[PDB]
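If you want the building blocks of each chain, they are given just below.
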Amino acid sequence: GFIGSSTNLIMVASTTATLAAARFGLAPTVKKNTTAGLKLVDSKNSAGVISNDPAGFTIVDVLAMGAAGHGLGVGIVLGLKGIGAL
Amino acid sequence: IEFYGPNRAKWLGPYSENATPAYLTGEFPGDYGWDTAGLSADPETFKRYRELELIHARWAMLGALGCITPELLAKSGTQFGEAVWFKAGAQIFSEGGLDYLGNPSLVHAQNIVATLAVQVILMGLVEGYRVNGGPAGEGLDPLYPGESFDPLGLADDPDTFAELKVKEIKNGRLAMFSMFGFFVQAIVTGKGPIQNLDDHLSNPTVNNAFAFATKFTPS
Amino acid sequence: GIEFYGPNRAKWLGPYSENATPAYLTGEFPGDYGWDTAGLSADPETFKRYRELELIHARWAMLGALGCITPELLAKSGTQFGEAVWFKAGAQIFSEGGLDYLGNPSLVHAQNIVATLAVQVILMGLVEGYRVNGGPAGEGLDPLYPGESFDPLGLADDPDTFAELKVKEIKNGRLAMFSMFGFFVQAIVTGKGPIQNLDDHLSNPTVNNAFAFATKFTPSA
Amino acid sequence: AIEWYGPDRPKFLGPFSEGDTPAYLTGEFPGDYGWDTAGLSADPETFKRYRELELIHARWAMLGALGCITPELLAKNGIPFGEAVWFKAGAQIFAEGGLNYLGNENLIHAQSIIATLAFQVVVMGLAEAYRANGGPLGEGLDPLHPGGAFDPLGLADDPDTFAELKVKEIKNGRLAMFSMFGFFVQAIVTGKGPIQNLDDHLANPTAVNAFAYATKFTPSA
Amino acid sequence: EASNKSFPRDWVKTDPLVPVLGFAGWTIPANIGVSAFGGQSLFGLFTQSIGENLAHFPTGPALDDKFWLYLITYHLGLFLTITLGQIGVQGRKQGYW
Ligand code: CHL
Ligand code: CHL
Ligand code: CHL
Ligand code: CLA
Ligand SMILES: CC1=C[C@H](O)CC(C)(C)[C@H]1/C=C/C(C)=C/C=C/C(C)=C/C=C/C=C(C)/C=C/C=C(C)/C=C/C1=C(C)C[C@H](O)CC1(C)C
Ligand SMILES: CC1=C[C@H](O)CC(C)(C)[C@H]1/C=C/C(C)=C/C=C/C(C)=C/C=C/C=C(C)/C=C/C=C(C)/C=C/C1=C(C)C[C@H](O)CC1(C)C
Ligand SMILES: CC1=C[C@H](O)CC(C)(C)[C@H]1/C=C/C(C)=C/C=C/C(C)=C/C=C/C=C(C)/C=C/C=C(C)/C=C/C1=C(C)C[C@H](O)CC1(C)C
Ligand SMILES: CC1=C(/C=C/C(C)=C/C=C/C(C)=C/C=C/C=C(C)/C=C/C=C(C)/C=C/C2=C(C)CCCC2(C)C)C(C)(C)CCC1
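Residue numbers (PDB author numbering), protein chains in the order written: chain K, 28 to 113; chain Y, 38 to 256; chain Z, 37 to 257; chain X, 29 to 249; chain O, 30 to 126.
To be clear, the hints were calculated from the coordinates, so they are not data collected in a lab. A hint or two may mislead.
To be verified - Below, simulated EDC-like cross-link-like pairs (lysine to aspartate or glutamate); rule was C-alpha separation at most 16 Å, straight line: (1) Y:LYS84 x Y:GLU108; (2) X:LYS76 x Y:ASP187; (3) Y:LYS84 x Z:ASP72.
Said to hold, decoys possible - A partial selection of chain O residues facing chain K, derived with a Cβ cut-off under 10 Å: (4) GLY62; (5) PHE66; (6) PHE86; (7) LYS122.
Claimed, not checked - Derived DEER-like restraints, expressed as beta-carbon distance ranges: (8) Z:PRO43 x Y:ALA173: 49 to 57 Å; (9) X:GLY166 x Y:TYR60: 43 to 51 Å; (10) Y:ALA173 x K:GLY64: 25 to 33 Å; (11) Y:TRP48 x Z:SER239: 52 to 60 Å; (12) Z:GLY134 x Y:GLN147: 49 to 57 Å; (13) Y:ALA173 x O:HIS85: 54 to 62 Å; (14) Z:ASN140 x X:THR243: 18 to 26 Å; (15) O:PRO58 x Y:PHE217: 53 to 61 Å; (16) O:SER35 x Z:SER239: 48 to 56 Å; (17) Y:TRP48 x X:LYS199: 27 to 35 Å; (18) O:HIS104 x Z:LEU234: 18 to 26 Å; (19) X:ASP228 x Y:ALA146: 51 to 59 Å; (20) Z:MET160 x Y:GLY174: 48 to 56 Å; (21) X:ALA119 x Z:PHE249: 32 to 40 Å.
Beta carbons are placed, not taken as given, at the ideal position from N, Cα and C, and that holds for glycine.
With these hints in hand, go ahead and build the complete structure from the sequences.
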């Protein structure tokens, strides 16, 4: 089956990886941008958007990190397919 | 017996008092009064030779136990690629990798170059920390740091710490002597330490060292 | 930038070396990275004799590395020598037809190694007794950097860059000493020239490194 | 030139030895020629232990340089005892009848190397430890020249010729160490006896010298 | 520019670590075998091209040599690496971030 294959594992791993990287202060999020030197500094947030998450994780945060992790997983699976590893 | 001060363990027995140099008073571990060749008269050179001797002793203890351990374990049931220590390095280029305990899923290393590179990086960091200082201790004794080595708290009570120091350096000098013996028993025989021990304990009359006393003769 | 004298300078362990340097290596001499971990030069006169030994070793190793590289490069470029490889270049005196210098028979054409060695002993004893004492090329001079007959190009003037040239001389000399030790051990374990070993390592670097010759001097036989 | 002491003395570079001879080599010891170019003996304690080590090396080398020449010197007369070279002389222990001293069978004729080895270990440890510390013939004296029962013939008196014979002893001893190193490497490279090398050199010097064996240790690989 | 009244002589802030680290950061990755090269590397094929073109030393390389490709790509990446290395070194040393 697909659910449980290498592609699905890699994709969920990449998506949850970016999500847990943004949630636990290891990746740039809505509330924390970066400078030229990649140091996490806060943001204006340009609207203000609420969230019940203790850290402040938002629906925008999950959309952004889902898109990034989906790009990462797509690229990884099609690369491993490209070098014959998959 | 006290291993410090004026009357201590001396290398020529109960009659060596002429053979003691003036600079070997005995305020350091393992002082037997043996500098009859006189290379360690300068106190700073005495410091450098002491740290040289202690780290040679510790590395030769590790090397003696590593010379004897896989050869003894070769007869205890497990079989490696090579069991003797002087061919224990050449098991990289054998087909099928360097298995650690013989098991093919333990290490299985085929590349000696990246192995030496990773060793060079980690060993350069360890020895730079050992001489200068680093994250497991910044400024301490150059030979006996504490607080991260001996974490079990046996370095306290400085009289038994002094006894532990002289015991460490005596076991280390014995292991240095045996490492030199391992080197020459490698070059004149080609068989390992416990292999030569079985060769001696089989018949000691002819299979002593003088069985190989004519090997390096010239032509 | 990075300097090579004074209390802070370029050291042997690099950044992890501020505790590592000994007390007697204060850094007034060229090539003072603070590497005396065995304490051989703690006495200052032993240190002075070792500096003279290091610098004369350095200059002779620079000449030797250039002379080990030069006929092999000229052979791989154009020139048929007698034996361009350096550890077999001695026995060309026994090539039954002379030692041609640049491969041409019009050159020095040496056939007697005893006379060659004998005039070398005479000239070398003269020049080294001049080096330690004095002679026609300077009597009262520095025993390591004489000058005014070994600086006809005047590069020891402006002494702030003469200190830099002293450090450059000792650094190329230590690199040449390391390279001469590499030449010796490579000659012993490979049997080919250093440029032949370089062409071998450039062809297939994965097996023309040193570890293919690791089983050569085995203790079994 | 008739002195081996003082500030002006015979030196190792001859007239080239004024810029040499540093301050701690003053000529106060037998055999001072100003040769400390390496600078190994700046500390007088280090210098004292090096002098003791050099002189016991001198005594053992004068013993050795004659004990290696006398088996071939009695093989010159035609006395056959197993083998006459010194570097293959130990294997006569493992012969069919054992090592004989002069070849006549009623002599020493011992067979077991281990028993005479144990005897050598015990009596030489006792004798050398009496040499370092003291025993039944003098307890605390010179570690260099004890005398007493070591001079039964009375050459230790009149201290100027004692110093002269000290210089004679260290000169013959240094010549013996040089000869013994030459013996070692003539055994290594040529593989024949040194007196046999002398016969081969006197038979044909121009082609049979060290340069004949110059291509032996060439690493082929 | 109230400052800069003499055109300082150290207009380029030279750290000798920069060229070394750029050569290292481009060339060591330039010696990684990729199957597009047939298991060989860019820099390895470059040294091979220079070896073949050094054989006929006086005459220059041809137009269909494939030496020029390796040269130009290797130097593109190399100059970019060295340039960005100097930039980064003097941006970390100076401000700019
Ligand atoms: C009172 C008698 C007594 C004597 C004479 C010695 C003397 C010695 N102790 Mg000892 N001790 C003695 C009692 C005691 N010791 C010690 C504690 C120690 C220690 C901790 C150490 C010694 C060591 C030594 C050795 C140092 C000398 C040396 O380096 O060998 C030089 C002389 C030789 C090597 C001659 C032997 C060679 C052999 C006879 C000839 C064979 C030649 C071969 C064919 C080789 C030739 C090669 C060819 C091919 C070119 C020596 C065996 C040291 C040691 O072990 O060094 C090795 C050492 O570390 N002793 C204690 C405890 C307090 C003693 C108590 O009584
Ligand atoms: C002192 C420096 C010096 C060095 C490093 C060499 C090097 C060599 N010569 Mg050479 N020579 C040197 C001086 C002289 N040679 C000669 C004339 C010859 C002849 C005729 C021949 C040689 C040969 C050899 C080679 C011996 C083969 C061998 O055993 O390889 C194994 C060993 C090595 C590769 C390294 C050896 C170096 C050593 C272990 C470490 C360095 C220590 C120093 C040599 C000692 C210091 C010397 C002091 C006294 C100044 C060896 C590479 C032979 C040869 O090449 O034929 C095939 C040969 O036939 N030489 C003359 C008279 C003109 C010299 C006078 O200065
Ligand atoms: C200490 C001085 C001493 C020296 C220089 C030698 C030398 C030698 N013995 Mg030996 N022995 C010595 C003491 C003793 N031996 C023996 C008993 C035997 C036996 C039974 C045999 C030998 C043999 C040999 C020769 C080995 C052949 C070889 O490998 O050539 C290569 C070596 C050389 C050509 C000499 C090179 C010199 C060396 C590298 C430098 C010298 C410094 C030494 C390393 C220091 C000496 C050791 C110290 C610690 C005592 C070798 C020349 C064998 C033999 O002759 O048959 C071939 C042999 O069968 N020896 C006893 C017990 C009584 C000794 C005790 O004093
Ligand atoms: C191992 C033996 C030995 C030892 C310990 C000494 C020790 C000493 N000598 Mg003596 N000497 C020796 C052998 C030795 N010498 C020999 C064989 C010769 C004849 C060539 C001389 C000739 C000589 C003269 C003319 C003078 C001295 C002097 C000195 C003193 C200061 C020099 C110094 O630091 O040497 C330290 C030496 C060593 C630590 C020995 C190291 C041995 C190495 C391994 C030799 C390496 C060289 C090479 C590989 C082998 C020889 C090559 C070639 C020459 C054949 C010192 C007491 C001077 C002095 O003060 O008078 C008392 C002096 O004027 N010596
Ligand atoms: C004291 C004195 C005094 C007087 O005065 C003078 C004199 C005499 C000089 C002096 C003496 C000295 C001496 C004796 C020295 C010696 C030393 C040594 C032996 C060392 C070793 C040392 C040794 C050592 C370190 C060792 C080490 C080892 C090691 C790491 C390891 C190894 C190994 C192993 C196992 C594993 C594999 O399988 C292989 C190998 C890799 C192989
Ligand atoms: C620092 C320190 C510190 C601590 O404390 C301690 C220690 C560790 C001990 C120290 C270290 C040291 C070291 C490193 C040493 C090394 C050295 C060397 C390598 C040298 C060489 C050196 C080297 C050299 C001179 C060389 C030279 C050479 C030559 C001339 C050559 C010649 C030649 C040629 C051309 C070629 C031909 O065909 C032949 C011949 C003849 C062959
Ligand atoms: C002065 C100086 C100065 C500067 O500054 C620095 C320097 C350069 C370092 C220095 C130099 C030094 C030197 C030259 C050294 C050398 C030494 C030697 C050679 C010794 C031997 C030494 C040697 C010796 C004792 C030897 C001995 C011998 C012997 C016992 C032998 C025995 C024998 C015999 C009879 C015979 C039989 O069948 C066997 C045998 C058993 C074989
Ligand atoms: C409730 C909660 C939770 C959980 C949650 C979750 C589980 C979430 C998830 C989330 C997620 C899981 C998300 C995802 C997302 C995704 C996305 C957002 C996607 C996107 C996509 C895209 C954007 C695409 C793109 C593209 C394409 C189309 C093609 C190719 C190219 C590219 C790749 C670009 C917790 C922890 C339990 C607890 C508390 C709270």
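We went through each hint and held it up to the structure:
no.: 1; hint: Y:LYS84 x Y:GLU108; in the structure: 37 Å, violated
no.: 2; hint: X:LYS76 x Y:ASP187; in the structure: 42 Å, violated
no.: 3; hint: Y:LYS84 x Z:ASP72; in the structure: 12 Å, holds
no.: 4; hint: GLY62; in the structure: 12 Å, violated
no.: 5; hint: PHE66; in the structure: 14 Å, violated
no.: 6; hint: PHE86; in the structure: 40 Å, violated
no.: 7; hint: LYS122; in the structure: 13 Å, violated
no.: 8; hint: Z:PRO43 x Y:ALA173: 49 to 57 Å; in the structure: 28 Å, violated
no.: 9; hint: X:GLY166 x Y:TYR60: 43 to 51 Å; in the structure: 25 Å, violated
no.: 10; hint: Y:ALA173 x K:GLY64: 25 to 33 Å; in the structure: 30 Å, holds
no.: 11; hint: Y:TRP48 x Z:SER239: 52 to 60 Å; in the structure: 56 Å, holds
no.: 12; hint: Z:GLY134 x Y:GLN147: 49 to 57 Å; in the structure: 52 Å, holds
no.: 13; hint: Y:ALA173 x O:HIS85: 54 to 62 Å; in the structure: 59 Å, holds
no.: 14; hint: Z:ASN140 x X:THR243: 18 to 26 Å; in the structure: 24 Å, holds
no.: 15; hint: O:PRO58 x Y:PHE217: 53 to 61 Å; in the structure: 44 Å, violated
no.: 16; hint: O:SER35 x Z:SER239: 48 to 56 Å; in the structure: 54 Å, holds
no.: 17; hint: Y:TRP48 x X:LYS199: 27 to 35 Å; in the structure: 33 Å, holds
no.: 18; hint: O:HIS104 x Z:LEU234: 18 to 26 Å; in the structure: 23 Å, holds
no.: 19; hint: X:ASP228 x Y:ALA146: 51 to 59 Å; in the structure: 54 Å, holds
no.: 20; hint: Z:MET160 x Y:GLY174: 48 to 56 Å; in the structure: 53 Å, holds
no.: 21; hint: X:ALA119 x Z:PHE249: 32 to 40 Å; in the structure: 33 Å, holds
The structure shown violates the earlier hints numbered 1, 2, 4, 5, 6, 7, 8, 9 and 15.
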